[PDB]
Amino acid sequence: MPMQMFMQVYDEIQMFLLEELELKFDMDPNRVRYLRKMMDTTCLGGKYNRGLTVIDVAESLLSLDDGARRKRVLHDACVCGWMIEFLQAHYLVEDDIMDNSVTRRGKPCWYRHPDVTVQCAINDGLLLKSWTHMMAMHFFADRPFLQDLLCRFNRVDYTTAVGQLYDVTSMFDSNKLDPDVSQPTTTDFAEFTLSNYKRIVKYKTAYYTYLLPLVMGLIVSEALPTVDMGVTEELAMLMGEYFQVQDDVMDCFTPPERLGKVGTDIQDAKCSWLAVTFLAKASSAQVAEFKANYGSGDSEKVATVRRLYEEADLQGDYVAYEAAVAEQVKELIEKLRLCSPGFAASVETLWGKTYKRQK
């Protein structure tokens, strides 16, 4: 049922976008055809956690009628859902390029498709982002909440690109960060700290993945101030950090077939949860062998890093991590429940889709 509606609104949105292109942007059938495939490939095939969370929060805050309100709020919630899913699609298109990934959701990355050049793919990503603004303006033209909705969406979007900068520069000595001078990947790994890890993940993931679906659900249902926002943000940040930790762990240990995408973290010398957690507790010997093997495409070097992780009991650390998180989450959810029972339930439901995801 939630999926049923969400996919009707996908049709509505696509229809509005591609037709507008044909009618007002002189677009030929072939390019409308290209863009329809692009849109389907890039936006569809995920679990839609972000999109569906907007619907669920809206519905939960509805009680605060001929049903006309319900029709309206839930349809606005579906559109906001797609705004975040299209924002996500944009990020993944560009991120697969930045990360030199090969596949995504069991398909080749968009930029890796035979008839998609890297240059078009960059622009297709840009198109994805612009469609978020185009759909909002079409559907929310007459809504009092439009300006606030767009202000917040835009803030989070900026936040996410700021986090991406943290991610993409995390393997380079920041003191030597300088446009005019080339610099290799870090050799001492001095900045692969848990502190620098939490900052990357808070900004690149937590805001758009957890805070924004919640905020949008609250905006469309006109209930944003009914909620302790300090507690709501604590929750989003924590759940968002945990989600990315899971993403990192899965990159290394989850078989590609379940994962859908091949893991690039070790080869990209990424500042992952695994690397920072290993380096903090490792012996000098272990640090040496890590440094000898990280950040190379070589297959046995990557298999050494995996053994080192297993030998250092990182799966054990993860279990302990997960348990600390779940306890914090539970405590914050009850704090929410006191004056926002409906919302706390939608947050519980979001947690259900996150906690111990086999994904």
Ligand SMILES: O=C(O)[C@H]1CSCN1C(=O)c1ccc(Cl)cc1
Second form
Protein chains: 2
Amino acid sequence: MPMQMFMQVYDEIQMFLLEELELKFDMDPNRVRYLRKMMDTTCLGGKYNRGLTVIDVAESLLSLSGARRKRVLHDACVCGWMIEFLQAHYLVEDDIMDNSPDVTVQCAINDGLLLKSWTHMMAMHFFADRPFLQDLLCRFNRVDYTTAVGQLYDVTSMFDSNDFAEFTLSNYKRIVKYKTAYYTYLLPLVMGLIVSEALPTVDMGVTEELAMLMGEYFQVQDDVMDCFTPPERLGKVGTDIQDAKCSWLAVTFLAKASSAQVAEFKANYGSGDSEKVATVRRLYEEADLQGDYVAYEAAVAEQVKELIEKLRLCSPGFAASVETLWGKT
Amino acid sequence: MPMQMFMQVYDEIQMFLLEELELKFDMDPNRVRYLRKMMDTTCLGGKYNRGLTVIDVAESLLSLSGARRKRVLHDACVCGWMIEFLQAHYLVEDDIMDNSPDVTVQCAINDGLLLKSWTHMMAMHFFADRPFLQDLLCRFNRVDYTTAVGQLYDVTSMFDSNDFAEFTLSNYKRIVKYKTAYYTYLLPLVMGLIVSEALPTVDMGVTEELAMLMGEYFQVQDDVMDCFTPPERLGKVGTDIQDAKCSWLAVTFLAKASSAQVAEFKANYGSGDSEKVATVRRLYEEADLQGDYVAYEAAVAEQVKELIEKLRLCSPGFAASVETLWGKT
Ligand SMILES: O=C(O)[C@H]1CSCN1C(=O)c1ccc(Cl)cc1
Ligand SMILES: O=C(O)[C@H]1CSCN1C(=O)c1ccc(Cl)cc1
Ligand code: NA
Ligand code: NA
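Could you give the coordinates for the form solved in complex with the ligand, as opposed to the form deposited without the ligand above?
Below: every chain and molecule of the assembly, starting with the one above.
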């Protein structure tokens, strides 16, 4: 029912956007079918955890505060696809960075602009008569701005914006917070509370604190899998060492490494050579970072498993969905 | 006074955006100064015709409908910088297309996202208590979506989105309309009417018709200068022939060219070779396209000089600014 309804609204959203282009933007059929294929390619195929989270929050709040149920459930599906389209927009922007008049790059940039604008068009249409339309766009635009700021922190974590000084645990948390946590964990929860009209009925401080901790828990495991999980099992090629990313493994190693090991780390980090990357993996393994990885995640999980209770003392139905979201993480 | 006030509000807008990053987004001073330089580099230096148009429309409507004058004039300056920042966003996106982990491309993409988001942040702040905040964002987002659709029409005018069939005058007008006319001419006028609270007091059909005709007049002259004005006088290197653009010269030539000249045109168009481009210029010159250029622009100017009168019979102060805008074109 949740996944099935989420896909039916996708067809409804896609049909409106494409017909709007045909009826109001003078678009020819060839380009409409071209944009249908691009939308399906970029927006479909993932796990839809961000979009389904908006649905799961909405169904938990209508059970504990007829005609309003079906409306809120439909509004949550549109908000779910706003985040999915936003995620597709971020992924397209990432492809342009590593892929390199070249018409394929021109279309890639155009795709990224259309996916972002489509979040506005589908919101301005299906929420035209909603009282929360203005507040929804402001929180959506602010979180999107937050993500772009977090991408600046992540991209420039190894240089001086006109370098391992910013390779600290507090700065790692800043990167995870702005680049990932706000739009992946906090935004689906907020949009689920907005369509359920129960936004001022929750402790936002505890909610934000959980979103950052869940994103932190997810990112620490992600950095670890990027380094040791093989490509055919991870689904991609791990490249954090070659890209000199400010990963959890790097900032944790630098805190417990000897003075001579840091020299060996700095001399091998950020290189595409197969053995310098293997040297970094060897340093991570010998420093017993795997033992700290289990302890760090357990402590974060303890903070998560205990922070949901503060949220249920004032909003019980909200906490049920955060546990399901944490169960996915 | 207009240009001087427009620059004072820029300092006010820039100071808010940068302090917000410092105070609310945990940004370090090094990146704040980095973003100050990027903002100045991308948003300053142009002619500010889009931004000043919002000011000129606002001052003409407060003279023919104390505390409300200074507020509307300030609101028009913020709306003027929204379009300038939006224009800077489009230009950055254009640089990424022709410029080619590469950190300079990562920062270019990040710059384009920040410039766009900054239009939302400066609007959500200075217009927080304005009743038109929701309507302003919707018309702004829709025009931005329109521009991205027009860029699709322009980029794919020579191929079949998975070719000279689309090299027609009606499709040329569609490209100019969506890619340029809506955000360069219509949007500054609409935003000037919104801050002056006189949006429903104008004939939008005549206003839209003037924006398309003025953008058409501007683009026809632009395509002509791109082909024959030398680089040191044009300010850039004309590349429409090499890029196989759907320019006014191309669609006009194909209508009055002989069957054998079209073969010579198709065999030389869209090539970087110095003589194939000179062959295209020779074909444009021999076809007497310069004589049609003066006649076409005169006819458009006649349509412009006569359409402003329909607008003044119902909105006299609005027509005074459209003439000043047309005087710039
Ligand atoms: O996430 C996991 O449980 C699995 C996924 S693959 C890596 N991994 C580890 O626990 C790990 C192995 C070596 C080091 Cl040095 C640190 C962590
Ligand atoms: O815009 C202009 O007046 C100037 C700017 S440079 C070109 N130009 C022309 O009038 C022109 C010259 C040759 C052809 Cl075939 C067509 C037009
Ligand atoms: Na998702
Ligand atoms: Na301008």
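Residue numbers count along the first chain shown, from 1. Think of the rigid core as the biggest set of C-alphas that the two forms share within 1.5 Å after superposition.
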Inset, instruction - Could you tell me whether the Cα atom of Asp76 shifts by at least 2 Å between these two forms after core superposition? - result: no
Inset, instruction - Kindly check if the Cα atom of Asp96 is displaced 2 angstroms or more between these two forms relative to the superposed rigid core. - result: yes
